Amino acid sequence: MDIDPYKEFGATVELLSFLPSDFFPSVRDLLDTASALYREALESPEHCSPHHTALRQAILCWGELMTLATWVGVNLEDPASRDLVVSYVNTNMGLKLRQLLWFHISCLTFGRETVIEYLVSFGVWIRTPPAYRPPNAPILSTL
């Protein structure tokens, strides 16, 4: 299968490739936000929305990945090799998981249309040469 996890939400992996990898917050920050804002709705027995249905699975996937990596590191011998596997998991898997978490949290919070427009505008920005690039990077806001 060639599943794109954003195609049903109107985006694509080429649209989120606009944003760099240094843009997405830490997974701890994203999960703290998710808790604070939608704990009672993610722990709820209800299809409140596809964004919830997907954020739950993303949280569980992060849990499984962290469990595996922790077990590996503990059963591992060299601290260099431990930090090495940590770097690999962080970059690859953390990047993808926080792409997903960011997308879905931001959608729930602001709007799917707003998030797509934000990706487009951020692409405009990050493509603009720095001599004509405003320092006020785009940012999602409700106020």
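Residue numbers count along the first chain shown, from 1. Only residues modelled in both forms are compared. Superpose the two forms; the largest set of C-alphas matching within 1.5 Å is the rigid core. Compared with the form deposited in another entry:
- Of the residues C48, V85, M93, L37, just one CA atom moves 2 angstroms or more between these two forms under rigid-core superposition; it belongs to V85.
- Relative to the superposed core, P130 undergoes a Cα shift of 2 Å or more between these two forms.
- 73-87, 129-135 are the runs of at least 3 consecutive shared residues whose C-alphas each shift by 2 Å or more between these two forms once the core is superposed.
Could you present the same protein in the form deposited in another entry, rather than the form deposited in one PDB entry shown above?
Chain only, nothing else included.
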């Protein structure tokens, strides 16, 4: 259907494309963060939060994609096709996955308000000229 993975949380794809795709960390970094910070809660038998629910489902989908890529590397013979499939996965699906993981982890960590203000401000910043914007890029911090 026409489902937006962020609108039940108060965001939208138009608001997360408002940031560059070269901004979002790697899938490995984000999954390591998720583990480190919320493993006991994602492996828990509790609806701890919708963020946790969505994050579980996304981690499962990524695991199945990795299984697919390994199965490809094993079975498929044409290296061209194999590399092409694996690259498509890791690039397009990786970008989507890490936008979503960033959103969820960062909301869990800072706040929906904080994260949305950050999106707005960082987009406006990277769109503003340097001479008239602050010189240092915005960054989220618990400290």
